[PDB]
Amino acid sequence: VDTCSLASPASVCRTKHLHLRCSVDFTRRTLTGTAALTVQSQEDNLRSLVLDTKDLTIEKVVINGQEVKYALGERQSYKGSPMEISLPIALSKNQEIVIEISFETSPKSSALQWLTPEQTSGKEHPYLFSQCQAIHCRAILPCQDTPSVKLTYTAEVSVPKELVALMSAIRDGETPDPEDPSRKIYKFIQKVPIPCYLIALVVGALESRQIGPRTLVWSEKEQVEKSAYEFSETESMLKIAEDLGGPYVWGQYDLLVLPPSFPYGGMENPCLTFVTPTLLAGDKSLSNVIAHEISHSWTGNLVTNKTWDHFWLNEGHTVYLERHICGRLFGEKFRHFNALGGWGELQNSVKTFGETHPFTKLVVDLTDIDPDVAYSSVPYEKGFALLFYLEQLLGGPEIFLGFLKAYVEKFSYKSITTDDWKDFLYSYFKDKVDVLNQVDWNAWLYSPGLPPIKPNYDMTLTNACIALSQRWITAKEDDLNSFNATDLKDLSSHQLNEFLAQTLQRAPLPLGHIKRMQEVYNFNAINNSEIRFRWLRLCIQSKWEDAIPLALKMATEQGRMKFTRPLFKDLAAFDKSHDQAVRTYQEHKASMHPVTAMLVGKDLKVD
């Protein structure tokens, strides 16, 4: 059973299809319409069922032309309120009915952010975007809000005609709204069965540019040109991924480049990947995020975690695939560079939560825990570390990629657990059961902290990063004028980034060191969001007062949680900026993304 869901489980009934008819109301900040759910009974004599909801207003439920009885339980925090629906007649096993629920979302739906015109690039129009992973789809529409159920869907969305609607689906046309001359209806169809967390909607002043045979980039006009360039390697990445995982089954692969308050680096919404505009470095160096989202078209979207306890299946395999894409593009030495950097990130998150903290476990029991609170890089990097370790244990990347593709085929269109994965691992590698049996599975899977064994990493591209970092860390005052802009001359931006990551792990540095570093390297002027992020953290943790406005500015002028949360935490920990940080959070809170606002509030202990 999915302990994050209050709905009837898949053993009871299964949603097979959703038809959403809705209208996006910017004045009231509500989605209004009808969710028609085709539900199939898995049990004899089924007379009722329960759906997840969250701050939804139910207008009426209709099954076969007649309204039926329903009730809503008490709100269980982030889990929302269970909705019990009495069926007009009892269903046999495998029998299907269509349940048509009329509803309105609340303006505070945790799935949605409503932007005023001033919160956009163009400043003339409002903007709406959704984000359902993990369990926010219930805040959009009634559903079995669990990844253990997969459904196709169709949608018709009415919006002000000056705007554009897009969804995680194939575009299926547009018409004027028959009921409203100032609106348009955009139609969508998703023919591949998906978990409902992959449902997504955006509505705004969007423009499109074609950058591949199956890829348009969508954004506000201000960001389109930069985006087309930044993500120009998307189709090449797509093709590599198809080599690694088998055919792309989803048809289109479009990119949506959101406004700055989008909470994630990317979200793998099918047919339409969402991405932060903070990826726009100007040199494509952050496009590994694109590789990542692309990889999810197999690991996650095709093979899906059955519950969020097994989220590492989604993220670990995807990062594994992601780094293989980067490796094929730029070389095995680079794959190792990124992999080693991943381990560095794992070190960090483990130090942040603490080595006994439950959230550093690979498999986590999320019964009474908000997935948003448990979210971290642990499932990504401990997950990857496990797979990278197995690769080396079992004969190398060629052999382990054989397993990956077999795994994807085996479980395509299915929802699985960590046990299903490991069972298949053993079945695939049945000839090496004796090596597999030497693995500390219980430590790897269920113990907190760093994993029991570190993989082997090629150091070639990381050495120059380490050397420069160690020079700065061991440098005394009379060494400072020995640093020179020429230190950076033969370093890629990745290497710059890794140098800053290495140095940050040893923060703080003396104020004098930090001030010299700005003098000779001028990271203040760097556009790269990752680099600027680590630099500003280094500055704030080194107590440089001058950096406070820049840090506050980055934390608030964009909203990627990866950046906004640690910057706010760093600012709150620095006495000179503490009250300023908390004050800035509270002035911006109402205009922040709902999830981000919640996490930062918790991070700063503002209640």
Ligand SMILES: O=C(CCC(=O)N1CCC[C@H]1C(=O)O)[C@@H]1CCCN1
Second form
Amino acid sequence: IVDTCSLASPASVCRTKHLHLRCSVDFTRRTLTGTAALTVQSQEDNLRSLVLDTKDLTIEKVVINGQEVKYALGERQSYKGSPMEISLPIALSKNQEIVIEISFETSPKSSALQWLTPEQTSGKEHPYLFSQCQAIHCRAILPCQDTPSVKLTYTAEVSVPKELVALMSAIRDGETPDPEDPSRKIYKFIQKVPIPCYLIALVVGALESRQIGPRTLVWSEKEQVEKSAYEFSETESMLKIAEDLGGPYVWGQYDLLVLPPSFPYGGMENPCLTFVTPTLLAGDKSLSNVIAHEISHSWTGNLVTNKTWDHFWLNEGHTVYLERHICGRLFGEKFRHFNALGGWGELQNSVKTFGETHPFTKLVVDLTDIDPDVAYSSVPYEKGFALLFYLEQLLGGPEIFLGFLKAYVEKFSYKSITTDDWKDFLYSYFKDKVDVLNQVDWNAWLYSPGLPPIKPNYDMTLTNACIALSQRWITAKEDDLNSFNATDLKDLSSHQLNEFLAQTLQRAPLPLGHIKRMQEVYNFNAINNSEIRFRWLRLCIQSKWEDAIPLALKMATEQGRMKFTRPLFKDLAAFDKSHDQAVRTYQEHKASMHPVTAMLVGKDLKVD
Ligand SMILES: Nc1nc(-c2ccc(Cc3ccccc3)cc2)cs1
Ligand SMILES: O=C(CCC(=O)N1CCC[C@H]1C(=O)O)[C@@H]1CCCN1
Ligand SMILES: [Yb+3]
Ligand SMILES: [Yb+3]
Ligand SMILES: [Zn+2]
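Since we've got the form solved without the named molecule here, give me the form solved in complex with the named molecule too.
What follows is the entire complex, opening with the chain shown before.
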């Protein structure tokens, strides 16, 4: 097993046990400056040097046992960054530990970070910083073994402008004035559970908090706090169900932080402090599956971890599985099946997009010379979910399968594993059903591109109305348009309306008169739910309605969640009437976008 995304010494050579980070956030220079003290344990006899990951870091010195030591930065290897070799002052025996203190400064163009000016924030008076380390961006903040095969604890002390607040993926451990500068404050943090370094996270801004359950505060700028608190009020209930399914929650606190609109993801499962998009703020709790997902990662991903990024489906497929069980416990089994079948839809769309032979449609991927950000998609989520949901049905149902899941989490808690570790444990647990397991086409499911070789069984109860209405619009001729009316939607939930649009978007384009009639009768232009609006606006642009152009450009640029921004820009580039405006809008906004999203939209548009 090789981590082909890391340049560092592997876990077979040495392992980081602990990080003590001391740093200062400088908004004038857009740099984090500090010292990273790594406690490293040798796994070999006679260890005399090691190699760390870095990306666009300035190294001031390396100190061991109170003296400076020699080190060298290797040449840059594109998105992997530059290997940093450190010469140890004394040779280590196996299991010996030493502390290496590295003084460093980040680049303003750090791939991990977005720096926001006051005008980019809600409140308009203070700047803002946030990090996004997954997959391999920790190395763009601090030198490390930037591989999920290594887990460490951490403590940190962060100096900020005293008007601001810092938070991390860790338990808050107090705040004091910075004794070396009275315009600044030092915020302290402790992470006592070992974690892969991708889970390190930092935010600095004008943040306020509100308590929403016994172990949860929501944090955001003042303007978003009230709405956040209502939107995520199911959090404690979801935590209780997740503890039922996965075992104890070991992390102490489960806080939420609602980021600025440019956050690239729906959520990031940073331990103690999940980060979420403000595009979840629909006003009705309807997008709370994203919370159920991130909660679930407190078991699958954060406790049991993929050993390399080629086995990312372990993290994500299992988390989707748990997510859908949480939402199933809250709203019913028929709803679990509705969401499962929607996810198969998403998988169809991914596979169609990539093409059925594309190597990024395999469940287990080979990321040798591939930037993980470029590979990222819903495939590991939904092909991974599909595998588990197939297996559930093959092995005697959800209760039985959930017994496996809990046992799996107990077995591999605090470790990092591969697909073969998972499959061996599946065969062991289900030793009395090996004959059923040997019916699975494991080679196709794990290692072949395209749609999986078997589709699970799905209850259709809540899906049927969606399909029916979609088919009415698809088969409608001009003389049928008058028959449609706002009453068509009266018995559809918001999740059903979203699925009606998803079904219809799969058949897009529709005739432009159909799309005009849909606005006339349903007033989808008025709906602010981000999922619904995204789909509706894709429908409109693919169906070549020029009126939708400014609406889609607005949604593409006023938020940055990659799931919405990337396909809106690609649709707008594909419509000749909006093509030049899409490229120009991207160019104008690029410097103020998140660095990952900017890179990806530029790739998508063939721009730069
Ligand atoms: N089609 C498939 N893709 C993957 C996969 C996709 C992306 C990654 C890397 C990654 C993981 C998480 C955030 C950004 C990048 C690793 C694996 C796994 S199965
Ligand atoms: O799984 C999650 C969150 C999932 C996420 O943000 N998704 C899923 C596909 C679309 C995107 C989104 O919801 O915007 C993170 C990504 C880094 C690792 N865990
Ligand atoms: Yb020795
Ligand atoms: Yb007709
Ligand atoms: Zn996830």
